[PDB]
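Q: As a plain string of letters, each chain reads:
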Amino acid sequence: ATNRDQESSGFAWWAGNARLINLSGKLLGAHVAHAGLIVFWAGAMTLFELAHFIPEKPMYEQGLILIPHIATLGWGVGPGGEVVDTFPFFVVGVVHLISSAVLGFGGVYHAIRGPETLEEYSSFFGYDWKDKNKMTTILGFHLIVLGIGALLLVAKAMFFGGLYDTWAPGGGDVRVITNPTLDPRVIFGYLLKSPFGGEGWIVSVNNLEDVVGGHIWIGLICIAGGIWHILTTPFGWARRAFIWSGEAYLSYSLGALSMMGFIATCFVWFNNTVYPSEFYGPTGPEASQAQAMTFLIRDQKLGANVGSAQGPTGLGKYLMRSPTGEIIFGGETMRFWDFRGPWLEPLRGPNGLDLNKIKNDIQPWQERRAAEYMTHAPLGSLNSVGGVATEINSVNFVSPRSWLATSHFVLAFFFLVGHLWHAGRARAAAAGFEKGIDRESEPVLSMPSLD
Amino acid sequence: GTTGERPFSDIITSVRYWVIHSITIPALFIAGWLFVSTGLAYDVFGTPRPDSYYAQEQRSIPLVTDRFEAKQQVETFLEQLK
Amino acid sequence: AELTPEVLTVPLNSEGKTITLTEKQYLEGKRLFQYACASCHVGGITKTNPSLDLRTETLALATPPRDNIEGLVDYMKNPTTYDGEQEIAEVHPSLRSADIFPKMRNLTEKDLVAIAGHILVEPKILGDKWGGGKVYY
Amino acid sequence: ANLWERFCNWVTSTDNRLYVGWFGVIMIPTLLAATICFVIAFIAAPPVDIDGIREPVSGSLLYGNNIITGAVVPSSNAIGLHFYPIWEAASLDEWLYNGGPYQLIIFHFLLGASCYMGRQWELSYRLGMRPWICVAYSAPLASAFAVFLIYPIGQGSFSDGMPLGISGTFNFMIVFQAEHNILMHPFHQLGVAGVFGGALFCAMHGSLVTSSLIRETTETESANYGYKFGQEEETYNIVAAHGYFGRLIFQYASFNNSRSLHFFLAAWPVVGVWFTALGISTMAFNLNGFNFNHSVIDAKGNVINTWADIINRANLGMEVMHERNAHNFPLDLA
Amino acid sequence: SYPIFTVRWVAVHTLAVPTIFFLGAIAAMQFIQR
Amino acid sequence: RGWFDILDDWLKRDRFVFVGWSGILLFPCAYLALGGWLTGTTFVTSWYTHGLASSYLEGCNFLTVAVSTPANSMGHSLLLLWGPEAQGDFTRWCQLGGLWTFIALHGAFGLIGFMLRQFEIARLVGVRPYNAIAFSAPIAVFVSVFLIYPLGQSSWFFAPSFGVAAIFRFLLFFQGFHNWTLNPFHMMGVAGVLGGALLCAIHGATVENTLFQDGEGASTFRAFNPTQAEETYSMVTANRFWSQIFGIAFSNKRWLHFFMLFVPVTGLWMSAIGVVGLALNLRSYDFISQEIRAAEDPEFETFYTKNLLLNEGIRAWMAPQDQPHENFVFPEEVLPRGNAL
Ligand code: CLA
Ligand code: CLA
Ligand code: CLA
Ligand code: CLA
Ligand code: HEC
Ligand SMILES: CC1=C(/C=C/C(C)=C/C=C/C(C)=C/C=C/C=C(C)/C=C/C=C(C)/C=C/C2=C(C)CCCC2(C)C)C(C)(C)CCC1
Ligand SMILES: CC1=C(/C=C/C(C)=C/C=C/C(C)=C/C=C/C=C(C)/C=C/C=C(C)/C=C/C2=C(C)CCCC2(C)C)C(C)(C)CCC1
Ligand SMILES: [Cl-]
Ligand SMILES: [Cl-]
Ligand SMILES: [Fe+2]
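Protein sequence lines, in the order shown, are assigned to chains c, e, v, a, f and d.
Residue 23 is where the first sequence starts when you use PDB author numbering, and the numbers rise one by one after that.
Residue 3 is where the second sequence starts when you use PDB author numbering, and the numbers rise one by one after that.
Residue 1 is where the third sequence starts when you use PDB author numbering, and the numbers rise one by one after that.
Residue 11 is where the fourth sequence starts when you use PDB author numbering, and the numbers rise one by one after that.
Residue 12 is where the fifth sequence starts when you use PDB author numbering, and the numbers rise one by one after that.
Residue 12 is where the sixth sequence starts when you use PDB author numbering, and the numbers rise one by one after that.
Simulated from the structure, these hints should not be mistaken for lab results.
Check before you lean on any hint, since a few could be wrong.
[Claimed, not checked] Quick list of in silico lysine-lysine cross-link-like pairs, DSS-like style, CA-CA up to 27 Å:
id, chain 1, residue 1, chain 2, residue 2
1, v, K17, a, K310
2, v, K47, v, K103
3, v, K110, c, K79
4, v, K30, a, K238
5, v, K129, a, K238
6, v, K124, v, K110
7, v, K103, c, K79
8, c, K323, v, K77
9, v, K17, c, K79
10, c, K379, v, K77
11, a, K310, v, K110
Chain c extracted, bound-state conformation:
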């Protein structure tokens, strides 16, 4: 048997894909066919969502995570996030799903029918894991494809309809970006921001200009690096530093994807710019701030002076200062004062919330949004009962920010475990004790006693 059994390949069935490590043709088929399943899911799930979609309910009351990604890109939506035309969602769905069939055709062909290994069919597509030059060149190719991809997002924003801008004046609208940010002081200042509260590292990006700009930088950086790695081979210090094997390379990618999954988790939980609350529901901080606003408005309508109302602890019942003096909402939501959102910023002055604006300039749409966001806070049960844990059945709701953050923390953590597993194993295999200690030269036995 061409591997395909434990005797000849040295791997059991439960580690059977390890048999493909040195069969480049059969390995190609697995990768392409699996890529087919990814494109398939993106396809079928969009159609599923569209089939279940009711345009009169908010997207986030309907369990949708893919249609919000298409709407953010400016397709299918008008002012306020309102769905104008669902046809683009159908196109996105059908086109991915059809593509998965040519991917699936190619993967099943390469895995079953085609050559087991590629190295005798063409020195271009074949490779040895240990070939440092060939390995960096494939890396270089894929770097170039990634940077092109980043530039496609730019072309949509600047030349092909714009992006949905939750900050656009008048309640949000699709909008063409004509002045991307290119100042590297801003683009890279994000990378040097602290990840802690009030700074938020790159999760704090709050305007589409910076977003489009950053993707011009990344797209050109990837294209440069792709070329760099196609024309270069690794330097001495890099060769002594890494393990050069199929398994080590996998373990470096597992590390990378873990880090990225943690960042994604925090992006969807905190960022309301590239995850517009119009589509994903309010953020945790946002909902909690919206509750303080709601009851500020109600009590003020009754004749309360919200600025001078002393709460039970002595802090203001409605308004207090943050630790650096800014006027902020009171109560437990004091933890969330870093929140920024289109519905709240018009009440903000140089020293924080402005009592004059609070007393006079609160519009009904702000009261509407605050009530809506407060009653769509991202709390709810695994069986999709909305609210705190003590609420009764009635509301069938779990925020998509909850679904997206929890699922990706779980994915990010298991890939960190995978990184440790395959990184440790690649080190041991390359030194030659991954199968156990050699009885005839147990290293400990040649070392002095500790005591």
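Once you've looked at the hints, dock chains e, v, a, f and d with the ligands against the given chain c.
A: Chains e, v, a, f and d with the ligands only, in chain c's frame:
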């Protein structure tokens, strides 16, 4: 080793097995289905049907409050549903 | 106990006339109540203003009276404050503000009546629980 | 050999009584800072306004605590997720009032414990061992990350991180049940199976190997003297142990491969603790346990309580009393 | 030369035949409307 | 060769499922405990004893079904089918909670039978009975929790009910009423259970990662022969690793495996003792010095005082529904509550 019984792989793959169990398994299932569908499970165990938890205008539960008059209490509760 | 036409008979107007609902309408009104109202009115309280609940005793003391189908249907078209003095379609969903509350667009007169019937039938079933809040969970 | 190479050989030396290693270079200063700050604060730190409401909680021994009630109190809710190093405070007195030691301790600790994990991989590479011990440690480390870091991140405040104290831990657990129904979450139920089963199988394996010790000693001396450190042969009879245990249940529910047996011992509690850590980490984003409150109703519509509704009444008691001065508005949204 | 009826036979059937009977009862319960 | 000796040979016959003398106690009792739980979670209510639904028949799922304890008014009655409470009536027996005593009592004697089964098999194979000895801890837990605890209380009503969320209720009751987290006997129980899981995980992983190479495959499992005389992993390398990582290590294989018996076994025994104390309400609920200070000094607050306020909320908010035979009527205005919530 072997304690002398017929191996399990041998039986579930044999034809005589599934000939006998193509009937017994679904028959037991259907028998179980009929135990509930006929309403017989309610009367064996004394479990309320969805209409016999409360009387029409009572919000108190028929809690048994006496050790030796207990079976007599439940009978009194059961006749105030009618 | 069970769902009887006696339980399902609620005031139609303020003039003591009544109307009897079916099972289908009651479950329809509950389905539609969850769809459009429960985010704020779960169990008969009001999350964004707990001072006002959906108890029949409360609806009776609203101006105009709201403890009958017609008064409840009218509130869902042109809602007012509790004393009747201000209209609040700008901040409370209604047919009059179906533009800014899009969930109200696909509601027909038949639907609003089913919703009101639910609101009026439910406290006869749950008693204190309806509009009582967590004390009675 | 130059100085740098000499230094590298000492750092990675396998002859040090305690292995240092490159992970050890980070681990040693960070664990020492955390340990020394924790000891001093547990004995001496003044009261801390954990909930940001000017209502300080006394945690230290000198301020009227004992071992069971003492804690290093989490930092003020007014701070939220902001970074609060000593140099950001106007004075040590302000840093203490607002809960500064808690941030100092947990950041150094999580860093050191991550390097502890790394240090376990490192020494195993220098000794020629297989590398996956550090993977098993990832389960307790992941759990520590969940209570001190991830759960504060989801909720927006290190003031809802787990206190560094015995009673402070129970407070965390109760408040958590009210707000997430963690008992009704299958990932916690999986953690319970993880540690119950872990303890079960720990006792099983201990009792079965001990049941089959080969007679090597008289009745006066300890049986432990039948094993000599590093002896080549085994000291128990796995065939006899299999023979007992195969008959106790049935023959195939029992292991006869030592390797398969020991991998089962590692895999069971580690996987379960992975899940319970993943449960704290996903409830950090308020995906809570099953809500069956009022899930059964009768033909009229009356609520027929189940045991789930009884759990909810207890949850409601924790909810309404916890942090009894910290809420101005009716929903406790984080 | 295997028997068909053994103590083993009795053991597996004491469990299995009520199990399937109970599964059919529970399946039927899914269709009870209040 | 009497008839006794002939019966002995058939019981101790080597078959797929060993029977033995102990089986006569074990198999009937375990099967009826098991069967009684399955019967009661599937078909039987708790409406008349508790005011609760508890079966799939009523609409409960796997997490909310239970065989619930009998009503408080039954006291500690054995609740025999032929007893004076049910008087032969099977349907009434089910409604009055007889399945709880049925399951509790048959399960008690099934546990006895299982331990004798360990002694019986141990003697016939010729190994020492340390596995029987370890099983004493589960027995101690079962007896203290299901039998001794309610016997010290007013009735079987307050023992655990057999169900997933019924046990969760028991947990929270023990927090709110007994302050059981503060009890050092439970703390020792926690340390033994968490420590047993630790020892299980660390021993398994140490063996798996100090194996000798005894085959050429990447699956190391096939390189173990149960008749081989040699250790399958290196104790000397395991020892050095832990010595340099953690400071100390095991050096004795027998002590290592005795320690793994000892730790969880002693933990469960210690927690059993505290429950016996709770049978009498002999709690470690308070620290008196803290209450004296707190009562006099309204600025003194610790995590201990904070937890008692939580306990007080549990008691008042759950008692009316949890003990319905008490007819607790707590008006809103007396329910303890913080601000706003
Ligand atoms: C998928 C992306 C990817 C990957 C996997 C690689 C992988 C590799 N690159 Mg390449 N590279 C890329 C994209 C990528 N590159 C792009 C887009 C560019 C263009 C900017 C380059 C430019 C580049 C150069 C110029 C060189 C490499 C080299 C290397 C090799 C050494 C790796 C190394 O030391 O890591 C990094 C590990 C280290 C220990 C180095 C220190 C890194 C510190 C600790 C991290 C912090 C600094 C960080 C780079 C920037 C700060 C980020 C902060 C603001 C958050 C390795 C094969 C080297 C090589 O061998 O060339 C042939 C080399 O000299 N790469
Ligand atoms: C999506 C995940 C995935 C993918 C892409 C692969 C891919 C592959 N596996 Mg792995 N594997 C996986 C999951 C996966 N596996 C899992 C989960 C397990 C554990 C159970 C294994 C266990 C395993 C073992 C033990 C072995 C492989 C082997 C192989 C390779 C040859 C398979 C072979 O001989 O097929 C032969 C099978 C058939 C001819 C039956 C039909 C197969 C086709 C593909 C059915 C597809 C139908 C589908 C509907 C497509 C039709 C649509 C059309 C338009 C194309 C191949 C590259 C083998 C290998 O390495 O060989 C060197 C091998 O020995 N795998
Ligand atoms: C990354 C994926 C990948 C890779 C590296 C390969 C590589 C290879 N395949 Mg495979 N194949 C793939 C995908 C892939 N294929 C897919 C998807 C299909 C189904 C359509 C096939 C079907 C297939 C068959 C049936 C055969 C091969 C053969 C070959 C070999 C020669 C191909 C050649 O000369 O083309 C040279 C290149 C061209 C002719 C240019 C066309 C490539 C497209 C049109 C460029 C478009 C790129 C696109 C813009 C990028 C975006 C796509 C997506 C991300 C949206 C080589 C080993 C042959 C072989 O091994 O002989 C026995 C063979 O007979 N392949
Ligand atoms: C190992 C077998 C076993 C054991 C230990 C038990 C034990 C028990 N059962 Mg269970 N039971 C069993 C099998 C068993 N059962 C079987 C197989 C069934 C199916 C029919 C049942 C069905 C069942 C029901 C339906 C009920 C019980 C109940 C009980 C309890 C009361 C028992 C009682 O008072 O007996 C009294 C009888 C004896 C003590 C037997 C006396 C022995 C003889 C007569 C003594 C005289 C000997 C003589 C003087 C000298 C002989 C010497 C020799 C040389 C001849 C107890 C927990 C009750 C219960 O759980 O209540 C809640 C109950 O209602 N059982
Ligand atoms: C949050 C945006 C709400 C939604 C969704 C619904 N209601 Fe509402 N309701 C809400 C508030 C804040 C108030 C108080 C208004 C005021 O200032 O007076 C109300 C009030 C009512 C009433 C009056 C009850 C009374 O005691 O007089 C009724 C009858 C009512 N609301 C009905 C209702 C219906 C039928 C809804 C679904 C279509 C609905 N509400 C949704 C807040 C919110
Ligand atoms: C190798 C292998 C494997 C794997 C495989 C794979 C992974 C595959 C894939 C494959 C694929 C990936 C496939 C795909 C396909 C696709 C399709 C077939 C599609 C179709 C489509 C259509 C037909 C559509 C239609 C439509 C339209 C157009 C419109 C709307 C409606 C509808 C939707 C109907 C396994 C593991 C099994 C085993 C071993 C071996
Ligand atoms: C798009 C966008 C943007 C931008 C971005 C950017 C511009 C980025 C960058 C990025 C970057 C720039 C990154 C970097 C990274 C790095 C890393 C990740 C590193 C790593 C390292 C490592 C891994 C190493 C390791 C080691 C050591 C340390 C020693 C020796 C050994 C080894 C080598 C292993 C923004 C935000 C503005 C906005 C939004 C959008
Ligand atoms: Cl608290
Ligand atoms: Cl608040
Ligand atoms: Fe062992």
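Q: Quick one, are v/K30 and a/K238 close enough, alpha carbons at most 27 Å?
A: It is violated: about 76 Å lies between the C-alpha atoms, which goes past 27 Å.
Q: Is v/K17 within 27 Å of c/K79, Cα to Cα?
A: violated, 36 Å
Q: Straight-line Cα separation of v/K129 and a/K238 no greater than 27 Å?
A: violated, 72 Å
Q: Going straight from one Cα to the other, do v/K103 and c/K79 come out at no more than 27 Å?
A: Roughly 6 Å between the alpha carbons, so the hint for v/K103 and c/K79 holds.
Q: Does the alpha-carbon distance linking a/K310 and v/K110 stay inside the 27 Å limit?
A: holds, 23 Å
Q: With a cut-off of 27 Å on the C-alpha distance, tell me whether v/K17 and a/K310 pass.
A: holds, 24 Å
Q: Does v/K77 sit within 27 Å of c/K379, going by the straight-line distance between their CA atoms?
A: This hinted pair is violated, its Cα atoms lying about 32 Å apart.
Q: For v/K124 and v/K110, compute the direct alpha-carbon distance and say whether it is at most 27 Å.
A: holds, 22 Å
Q: Sort out whether c/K79 lies within 27 Å of v/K110, counting only the CA atoms.
A: Measuring from Cα to Cα gives roughly 20 Å; hence the hint holds.
Q: Mind checking the alpha carbons of v/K47 and v/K103 for me, to see if they're no more than 27 Å apart?
A: At roughly 19 Å apart (the allowed maximum being 27 Å), v/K103 and v/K47 satisfy the hint.
Q: Given the hint that c/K323 pairs with v/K77, does the C-alpha gap stay at or below 27 Å?
A: holds, 23 Å
The structure does not agree with the numbered hints 4, 5, 9 and 10 stated previously, though it agrees with the rest.
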